[PDB]
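All protein chains but one are shown at their positions in the complex.
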Amino acid sequence: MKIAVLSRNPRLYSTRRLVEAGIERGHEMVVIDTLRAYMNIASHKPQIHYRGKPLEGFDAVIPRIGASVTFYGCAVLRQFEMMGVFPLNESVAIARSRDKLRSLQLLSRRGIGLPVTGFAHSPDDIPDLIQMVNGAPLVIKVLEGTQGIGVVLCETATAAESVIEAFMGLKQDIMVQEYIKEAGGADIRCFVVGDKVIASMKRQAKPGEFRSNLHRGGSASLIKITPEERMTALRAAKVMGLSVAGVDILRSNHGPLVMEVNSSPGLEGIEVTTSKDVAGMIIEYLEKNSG
Amino acid sequence: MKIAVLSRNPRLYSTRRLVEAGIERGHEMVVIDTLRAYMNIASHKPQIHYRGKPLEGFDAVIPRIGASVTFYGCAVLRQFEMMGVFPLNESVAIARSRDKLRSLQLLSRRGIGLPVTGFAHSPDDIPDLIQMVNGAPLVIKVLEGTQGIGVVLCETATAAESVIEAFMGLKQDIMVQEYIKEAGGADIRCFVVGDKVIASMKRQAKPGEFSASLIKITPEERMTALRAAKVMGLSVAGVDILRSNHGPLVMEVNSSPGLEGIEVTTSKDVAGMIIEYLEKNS
Amino acid sequence: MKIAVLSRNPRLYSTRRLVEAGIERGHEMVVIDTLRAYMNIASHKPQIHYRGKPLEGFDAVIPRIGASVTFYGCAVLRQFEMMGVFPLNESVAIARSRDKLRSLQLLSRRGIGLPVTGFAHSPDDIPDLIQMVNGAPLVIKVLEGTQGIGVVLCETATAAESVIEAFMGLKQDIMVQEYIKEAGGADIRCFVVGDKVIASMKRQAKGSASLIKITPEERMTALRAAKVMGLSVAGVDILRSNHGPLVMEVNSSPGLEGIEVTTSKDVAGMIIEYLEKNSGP
Partner (left out) sequence: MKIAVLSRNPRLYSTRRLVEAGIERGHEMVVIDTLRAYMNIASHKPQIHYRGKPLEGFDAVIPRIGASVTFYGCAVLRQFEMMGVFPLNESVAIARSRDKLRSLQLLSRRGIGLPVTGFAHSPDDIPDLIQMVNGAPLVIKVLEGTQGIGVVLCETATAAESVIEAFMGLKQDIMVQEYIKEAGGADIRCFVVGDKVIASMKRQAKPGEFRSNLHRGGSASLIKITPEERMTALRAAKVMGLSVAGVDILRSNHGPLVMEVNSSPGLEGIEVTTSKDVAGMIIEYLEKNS
């Protein structure tokens, strides 16, 4: 197969690993910076050009779209799709995932377990917003399109109101979420490829904090996931319509709760922890479903 | 009916006219600034609140979403949809329309007549981009999400290259389009409601550059407008069309078109016919 | 006199009042939207044009520059200065005031009382930043050029760290400041014209503005703060602390509605009266 890898940086672990796994399995791997791609839209002969030459004869494309102000990245993926190239994840599904507001609304409607969650931008009655989410303690995230830029635990409704008012000032979309203290600042990252959770790992916060992220001074370890945690991860990915996804889960008193569904999950964390060829299994999935 | 009108400004002609037409026809009309709406997402009892009180018992919603950095506006419309409220245009369709890149790609694939069109952001070979669009003269638009912020006619490939390089500097998505000189700086704005073009008008430039009046549209211009709206999946849309040597060409499909221009020119109750459409399909 | 009023919004109270006070005192008042002004820079005959016609014979200019992404507004003021027109406040001084980081650094160096203050953008050791400012409780402001867009009181170092990390995400300049609880959510706004505090008022949180007799050291602080920035007309915000008056902000074009409604003083008038005396030949 000839496979395109849509990546802003070819020197990043996850992109390097995808070209390795591909080359290893006898495929021709081309890294494309989507911004440097330009195209002619047309019924008959639609073209994508790159550094003066046309992009032809591609069998599959792996979209690794970053959390940028990038409607253009999805447009380049869409051209590939319309020119017959098989996508790892469809542009339709990626657009659903990257809109965190839309993503949670869709999971909520299909009955996926979520924390109690509120949305706001310029609310006039902030006390009313806090009351709607069963009050403090509340986690308060800001959204800059795709990225959940800042996260604050507010213990009292006074602190919650004070922080929401600050974020309002910055004209940002605000997310207010029930704090799940039982988790102990830990989450399960389940890694979906096709109909299977191929790899899983627990993330843990530092001695003091609640922020579980791997790239914020955080230990990762092996974990045996429950059948309902597996079932939740697969269902979450299927609702978004993704073939490959990372699903973040919280172990709560009332079962597993989905935090995020990522349409292009990082590979360094999961591979170092599990010693699994995740990059390999992604390429292996393309081999079977490319047709 | 109780009808919500999602508008940032209730004092704008198009919003005023929609509440008038509604009140006139015996409906309860509520104007909602989507940003001041806040909600709880939930399977069982999903709520939208507004200035301390809940929003209940709405039968239909008219989304007038502006060309802002507003993923939130679509989210408020989506809650209404999921809470059973009938939308004039579905959030799915509006998202398609507001992404001008995606919009033209979708029209192109379904064989709707378009000008020859190219897209770029950081192209390394600009001469190659110009060659792909059959060269100058070229119209060059910048895109800031939904809005086509700036527009330049470039007569020579030198000017085209010089302008594209400038817009590249501003890190903006660039659209390069075949200039249709036959149009004479005029376009047909067709106004779609359901399966019908209810109103049309010609727009004209000043004596030199590239005034609105009545115009009888061809059967193929009508058919193009309806097909363009159906491809986007819109019930109500404004479709801009160029009269070219090789037939009608679609410029834009607007999911919430302005009412002042079309109503002043045609003297038609367009606001009324939109409310009348909600009455039948609600 | 012929006086230009550089205002981004010509319908606003403060601009209207400045043309009134001027007309009342027999002057010719022209309101200029700085963005709609265009100019040719030149040694001999430097021109400013506006809506097709040249701007000539101006004796003084009142710069009301807004907190925008506006290097252009200062450029229009600079042309006026270079064309011999007397400015109410010099472009040099306005540039000092609008850079809130630079403003506090300059006040600090000349020994003006300030709250204990820290600056950050992408700090690696946030606990270290908090320690440098004598810890919580801390007030945490974000800066978008001129405006202090958002303000959060953080009671504990945990909350301080959590909020700073959030603002870091937004790639904004961050200000960390000692919380002065003694103030009771109140500040003195002193209004400087020349060598005099012509008007003052207390502001209160939930809000209310009211009359206040200012101390001799509060007056002296306001005048010194304005003189350090090099402003002839300025609003100086002050906190009453246990260890004396502390300057919060120095505004190079302070609003007139608040101060005039509260004091019933012709502040617009006294500004025009200042131009009459110091405009000179």
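Points to keep in mind about this one:
Which chain is which? They are A, B and C, in the order written, and residues in each are numbered from 1.
Note that a contact is a pair of C-beta atoms (placed from the backbone, for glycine too) under 8 Å apart; a residue touches a chain by one contact, two chains touch by 3 or more.
Contacts of the undisplayed chain with the visible chains, over the whole complex, involve B, C. Touching the missing chain, out of B:169, B:207 or B:219, is residue B:169.
The missing chain, though absent from the display, is touched by one residue of C:21, C:133 or C:271; that residue is C:133. Checked against the full complex, the candidates C:11, C:109, C:243 or C:277 give a single residue touching the omitted chain, namely C:109.
If you put the hidden chain back, the residue from C:23, C:35 or C:205 that touches it is C:35. Although one chain is not drawn, its touching partners on chain B can still be listed: residues 142, 149-153, 155, 159, 162-163, 165-170, 172.
Seen across the whole complex, the unshown chain contacts chain C at 33-36, 38-43, 46-47, 49, 51-52, 69, 71-72, 74-75, 78-79, 82, 95, 99, 101-102, 104-105, 108-109, 111, 114, 116-125, 128-129, 132-133, 143, 145, 173.
Everything below uses one rule, namely that only the chains that are shown with their structure count from here on.
Centroids of chain A and chain C (each the mean of its C-alpha atoms) stand 44 Å apart.
In terms of their C-alpha centroids, the spacing between chain A and chain B amounts to 30 Å.
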